[PDB]
Amino acid sequence: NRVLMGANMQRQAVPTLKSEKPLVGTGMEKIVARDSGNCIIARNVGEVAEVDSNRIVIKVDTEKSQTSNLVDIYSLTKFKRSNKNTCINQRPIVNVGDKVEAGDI
Amino acid sequence: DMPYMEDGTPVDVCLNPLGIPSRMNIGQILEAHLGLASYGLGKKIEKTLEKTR
Amino acid sequence: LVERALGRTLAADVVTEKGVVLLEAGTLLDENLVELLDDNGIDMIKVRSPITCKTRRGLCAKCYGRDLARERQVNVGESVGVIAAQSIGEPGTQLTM
Amino acid sequence: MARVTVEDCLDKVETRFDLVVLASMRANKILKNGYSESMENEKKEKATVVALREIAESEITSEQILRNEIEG
Amino acid sequence: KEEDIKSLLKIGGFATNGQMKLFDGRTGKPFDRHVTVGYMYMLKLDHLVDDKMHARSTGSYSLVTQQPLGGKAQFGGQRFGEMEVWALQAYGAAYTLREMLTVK
Amino acid sequence: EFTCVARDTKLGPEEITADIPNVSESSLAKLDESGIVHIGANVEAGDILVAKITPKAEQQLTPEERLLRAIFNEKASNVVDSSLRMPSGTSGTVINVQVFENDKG
Amino acid sequence: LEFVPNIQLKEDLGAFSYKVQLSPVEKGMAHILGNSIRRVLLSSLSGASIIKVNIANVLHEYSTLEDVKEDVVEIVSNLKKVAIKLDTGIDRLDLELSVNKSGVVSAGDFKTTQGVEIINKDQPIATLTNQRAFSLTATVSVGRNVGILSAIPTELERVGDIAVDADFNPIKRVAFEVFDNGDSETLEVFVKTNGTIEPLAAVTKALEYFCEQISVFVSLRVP
Amino acid sequence: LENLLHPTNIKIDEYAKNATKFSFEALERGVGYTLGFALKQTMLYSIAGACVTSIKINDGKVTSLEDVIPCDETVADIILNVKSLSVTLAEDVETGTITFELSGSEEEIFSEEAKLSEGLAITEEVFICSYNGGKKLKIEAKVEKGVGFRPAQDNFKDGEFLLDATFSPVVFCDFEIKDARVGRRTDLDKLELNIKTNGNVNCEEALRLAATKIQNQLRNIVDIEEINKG
Amino acid sequence: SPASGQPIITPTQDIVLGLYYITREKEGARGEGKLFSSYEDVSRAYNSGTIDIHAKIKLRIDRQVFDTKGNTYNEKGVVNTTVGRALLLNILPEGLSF
Ligand SMILES: [Zn+2]
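Protein chains in written order, with the working numbering: chain A, 1 to 105; chain B, 1 to 53; chain C, 1 to 97; chain D, 1 to 72; chain E, 1 to 104; chain F, 1 to 105; chain G, 1 to 223; chain H, 1 to 230; chain I, 1 to 98.
If we strip away everything but chain A, and leave its shape as in the complex, we get:
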């Protein structure tokens, strides 16, 4: 009866300014977020070209990737509303010139 409420409640939780990882998790938060289109998973493996808080550029080494276009883009979404009037904005992680792989954040 108590875990029922503990589960029904943590989905009305309101996000805040600076996200802080839990210190006692269950290794499942790695899965939910990745498995919902709020993150930006790199399609092809390469190196960061130029990143700023509006878009990301990735040049792909075609040697170890299938036929590609040598450059792809990802456009960030700053302060887009959502049905409950909560702010949505993605923030980049990577730095200039980093080795990333297909299926990373």
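Since the hints were derived computationally from the structure, they do not count as laboratory data. We treat Cβ as the ideally placed atom computed from N, Cα and C, and that holds for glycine. Do not rely on the hints blindly, as some may be mistaken.
Interface residues of chain I toward chain H, partial, derived using beta-carbon atoms under 7 Å [what the hints assert, rightly or not]:
no. : residue
1   : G33
2   : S37
3   : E40
4   : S48
5   : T50
6   : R60
Dock chains B, C, D, E, F, G, H and I with the ligand against chain A, hints included.
Using the frame of chain A, we list chains B, C, D, E, F, G, H and I with the ligand on its own:
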């Protein structure tokens, strides 16, 4: 005003103990124990890192 | 008995098994007098229930007894019906089986 | 409950209902008498409680109170 | 399991409990009976207080019945429903029940 | 996110122009030259976001209203404003102003 | 029968941690001085901090410049964590910042005008992915904490102004312990601050405040 | 630079024999608690004075609390009566000795009895007990002086019922905090003290004496002189 | 309560914990078996920090008590109490027995 450990750090929240036993959501206690542990392990690394980087 | 009939007035008198009367008719009980019932060994008396009042479309201030909420004889104007109604089904949210 | 309570007043008048009506009549009387000259109601209490105080201190003797309605 | 938590607590340099000694902040004299402490992740729920206050003095009224609106979206007006009538009855509170049904 | 709209009523077209009597240039100060708030103004609890007006008629005003019109030479305006104001108890700032015009014109 | 304490800065250590001491006390009064020091040291000491900022090509907090890995609100949060030291009688002034680099804009790049001080020299303010211009100001002001309620919203005048809330009091931890020496005790107070004040000055200031507040009970008059 | 406020309002009020209620007004937030703790503790446990410590009745011929004596009061009652005597010593002397050596005929007993030593001043006329004119009796009281609360380890060690030491005239502090407002800022404090003493000193001046102790314990670190000016 | 004469404002959850806690006893504690004249004495003592609050002491009391029949007889003497319970002696109004 909050209670504070001997070191000097104060405590943020003051929950109530009478809740837990009656409505048997024990797991919260064990979560607090593990959390204390993690917070100790943090201060350890900090001490080792406040010198000789 | 000394708890079932606390604060309810007495229909008629009560005679000792030794002969002398003990409590008269129309004598509202009270935790002083309710010693005098288990004292002398009594186990049955006649009290004034609202089932046996005689007033039309109402209730007299004696066939009902003590207010049981202010410890006095019921003042005239207390809508007793509503009180008794909601003091029955209210705890019902708890009695389950 | 600043100073006076129903437990006090219930000693002179009775049934705790008659109290309501009698105090209401008295407070209405004290109100319509133009007591509202406005240099007093900001230093003391509303007449609704002045009447209760008056009945507690046993000054008015509500047997008298009704005799102020014929004074209407 | 428990003993793992406990070995970790030891590594950290804490009692083999959660419990520890605390001091009041208004005096400094400690509490007896060492108290539990910990981290205990916490959340805030979407039931803020800014959108539940809603008082009202006088506002619009219902077209077909001439009664106040309801919901704090327009201007509300708190439902003084049926069960609250029996309450004011049992009290014998005639007046406050009367003008609760006409003047208001 | 609020939104105001302008319809064609049977007395005429209503207007969102920043021109409404009985309104100073102070409550209007945070208004641009087009009837719409700036992008950045920290609006308050009850200021104008877009200022509108709608016409009316059928005064046949009371004798006392007539007199007081006749003292201060108070003219009776045929229009009434129905602007858009933040409801009380709120605050904040502005981040985007979408405006959709008319068709076939 | 006469003991009176003197104050000593024994046992410095760590980043900005210290252990101040008062050598002789009255054998019983120690645990009063300890608590008073702690509480007044945690509530009233005033410092200086940034309260209002204006960035160059910005209009509000939820915005974004070009070639900046950061955001505007992330920048405003960075700014709050700068440790500023002001001199005796400044009480208000202006800071400036204009740069044309292509790396990490640390707080050391504030203009080295008079009076001011910037202790937290490592703290990043923003990261410029590419070379570009960047400029802003920030009004530094003295102040003390008062609670989340009795704080005035710090009026804004210009267009791009952006209020920044300010945590003034420079104390982070206090804890005391009392040691017995025979008809006498010694008080041993831990203090940890951001580095914007010196410990001895700090404790002296706190005791000044405290005795100032006590000095009414010597009179039992109004003032 | 906003000039931490000052009380600016006092309402002294006496309500019993050696008892008074002071109330202070408009103190900055939380200050009330610190100023209450300091005041209460130092006024209670760090004031100089003299007080009785030990009682010997019949030179040791009363061992426990269950021994009849030729008067109306059991031993416990006499101990409790004598423990209350308000004595003022002298600076030159460092110990007193109250002697209630009595053999009369069923009399009333008070402080105006009891041949003493030099330097004492019984300060009152508290009643003790009622003689029964029976067999002989004696009472020996020991009086010392100092500061602090000296706890007695054992109750009756050898031949004297030992007590613990008060060493103060102030017998009660019991302070409290309430709320008060000075306008737009309403989170402030309002303190109320309730002191009850023994008679050796009127309450208020005892309060002042305890405040002077603190304000005197910093002269080498603060300027207690200029704080007076204002 | 209108349903039954039982009161309805009794302390409930941890107002009860504290009372039950400070009103227990302990066998070997500090200051055990001491002597005190009145409540203020026990207060002064306990704030000094020598006694354990669960100790057994002896207090001499004297106060009126109301009888059933409207009498009010005096009660006095020495009673073996606990340091905790005496701390509650102040709140009990004159009229109820200790
Ligand atoms: Zn009947």
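Now the hints, each set against the structure:
Nearest Cβ of chain H to the Cβ of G33/I: about 6 Å, under the 7 Å cut. The hint holds. A cut of 7 Å between beta carbons decides the hint on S37/I: the least distance to chain H is about 5 Å, and the hint holds. With a least beta-carbon distance of about 5 Å to chain H, the hint placing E40/I at the interface is held under the 7 Å criterion. Hint status for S48/I relative to chain H: holds, with the closest Cβ pair at about 4 Å, below 7 Å.
Contact between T50/I and chain H, as hinted, is supported at the beta carbon level, the nearest pair being about 4 Å apart and thus within 7 Å. For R60/I, the suggested interface contact is upheld, since its CB lies about 6 Å from the closest CB of chain H, less than 7 Å.
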